[PDB]
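A single chain, nothing else alongside it, follows as structure tokens in the form deposited without the ligand.
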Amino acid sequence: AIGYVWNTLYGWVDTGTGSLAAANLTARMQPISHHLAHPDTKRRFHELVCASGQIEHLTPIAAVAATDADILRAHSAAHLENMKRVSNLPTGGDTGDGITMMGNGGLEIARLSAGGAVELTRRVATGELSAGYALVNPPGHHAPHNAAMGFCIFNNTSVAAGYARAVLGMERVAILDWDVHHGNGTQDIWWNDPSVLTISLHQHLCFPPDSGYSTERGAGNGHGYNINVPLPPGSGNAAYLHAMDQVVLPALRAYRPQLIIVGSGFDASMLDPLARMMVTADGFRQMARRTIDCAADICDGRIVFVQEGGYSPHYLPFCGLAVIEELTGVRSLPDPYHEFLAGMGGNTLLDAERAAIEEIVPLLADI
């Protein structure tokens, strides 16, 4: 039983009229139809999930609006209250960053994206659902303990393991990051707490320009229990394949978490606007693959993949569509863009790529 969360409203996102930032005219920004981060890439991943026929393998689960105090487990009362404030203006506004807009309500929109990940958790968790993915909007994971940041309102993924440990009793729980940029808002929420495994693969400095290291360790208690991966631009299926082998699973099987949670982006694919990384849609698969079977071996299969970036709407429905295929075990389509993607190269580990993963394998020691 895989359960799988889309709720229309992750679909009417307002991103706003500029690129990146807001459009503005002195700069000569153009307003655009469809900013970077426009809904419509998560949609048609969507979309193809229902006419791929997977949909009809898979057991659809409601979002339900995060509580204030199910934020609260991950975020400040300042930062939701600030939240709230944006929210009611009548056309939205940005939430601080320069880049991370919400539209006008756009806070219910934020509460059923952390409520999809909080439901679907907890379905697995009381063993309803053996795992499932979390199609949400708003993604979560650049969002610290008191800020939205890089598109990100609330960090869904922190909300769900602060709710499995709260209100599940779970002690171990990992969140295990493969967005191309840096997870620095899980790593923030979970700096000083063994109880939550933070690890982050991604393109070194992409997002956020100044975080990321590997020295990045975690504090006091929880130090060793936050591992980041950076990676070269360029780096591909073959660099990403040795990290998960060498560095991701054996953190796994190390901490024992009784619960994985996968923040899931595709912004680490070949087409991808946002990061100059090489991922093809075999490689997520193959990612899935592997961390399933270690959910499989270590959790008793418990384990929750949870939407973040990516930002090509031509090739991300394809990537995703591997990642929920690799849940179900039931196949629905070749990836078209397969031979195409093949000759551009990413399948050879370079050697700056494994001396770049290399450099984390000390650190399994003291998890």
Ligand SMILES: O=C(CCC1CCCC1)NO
Given for the second form:
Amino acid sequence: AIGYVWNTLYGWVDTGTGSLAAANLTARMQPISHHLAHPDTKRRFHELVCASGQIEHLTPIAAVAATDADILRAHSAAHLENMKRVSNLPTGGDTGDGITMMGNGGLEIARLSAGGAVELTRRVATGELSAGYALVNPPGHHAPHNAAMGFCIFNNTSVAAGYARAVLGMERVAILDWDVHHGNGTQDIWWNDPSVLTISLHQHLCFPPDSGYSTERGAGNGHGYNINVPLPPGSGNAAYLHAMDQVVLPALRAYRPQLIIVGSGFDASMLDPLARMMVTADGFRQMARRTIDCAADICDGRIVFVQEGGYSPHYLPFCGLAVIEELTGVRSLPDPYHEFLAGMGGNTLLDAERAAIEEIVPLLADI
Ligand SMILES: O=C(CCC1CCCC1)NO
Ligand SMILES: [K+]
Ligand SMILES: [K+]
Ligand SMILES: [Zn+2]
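Could you give the coordinates for the form deposited with the ligand bound, as opposed to the form deposited without the ligand above?
Whole complex next, starting from this chain.
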């Protein structure tokens, strides 16, 4: 049984009329119908999950709104208070960083996004489900303990991991983040805490700026329980699967989590506007396959995927479908872009890629 979360409101997130920041007449940033983060991209993924027939192999799980208690396991009372505040504004608005906006009442959606991750986590932990994918929106991994950031209101995977820790009594949880941007929020939240191993693969210094260096290793009892794998622009399937094999999977096996949560972004894809990486649907397929197999070996198959970023409405649905197919074991459709993308490269491990990953291998000794 493979759980699947999609709530209609995930597709109703109001991304304004700007491209990234708001439209601005003095800067001459013309308004546009689809912001970079427009919910249509993730909606097209959900619709492909249905139209492909994958939905018939999935167990639909209703999102439940994350409570104040749930949120406070990951975030400060002050941040919760502040998002209540901004969502209660007549029109809502931007939440701090000049991208991240919410509508009036957009808190409802941020709760359903975090609660989607929590609900799926709860039901995978009870053994009701073997695994699942929570196709949530808004995303989570940039939101640190005390803020919203980079389209993220609450850190969904951290709320889920906080729930697994405090409510389910798990001693150890791993969050593996392969969204192409650094999971700075997740890293912040669990920084001093060895009970949640936080791992991020990302294009080096893509977003946020000055974040995600491999020197950022946690502090105190948490020292050695945060691992960044910054990769160079242009890295493709070869670099990513090498990072999986040399760093990620050895880290998980060393750490022995009771649950693996994957912050599953597809912005590392070959066609994404918001990074310069070259991963194809087959790359994501292999990443998902390896991680699922790892969970089968070390924590009774307990794996929960939770949607992060990804900005190609064209190609993201096929990258996400590939992950879903690895969960169901039913392989319904080809990637129709495969022939087109396969000639572009990324499938050879370049020296600079190899070297970036090798810098990380020594950190495994501290788990
Ligand atoms: O996908 C995300 C958010 C993308 C950032 C890049 C533009 C500012 C927000 N992070 O992983
Ligand atoms: K990442
Ligand atoms: K940690
Ligand atoms: Zn991202």
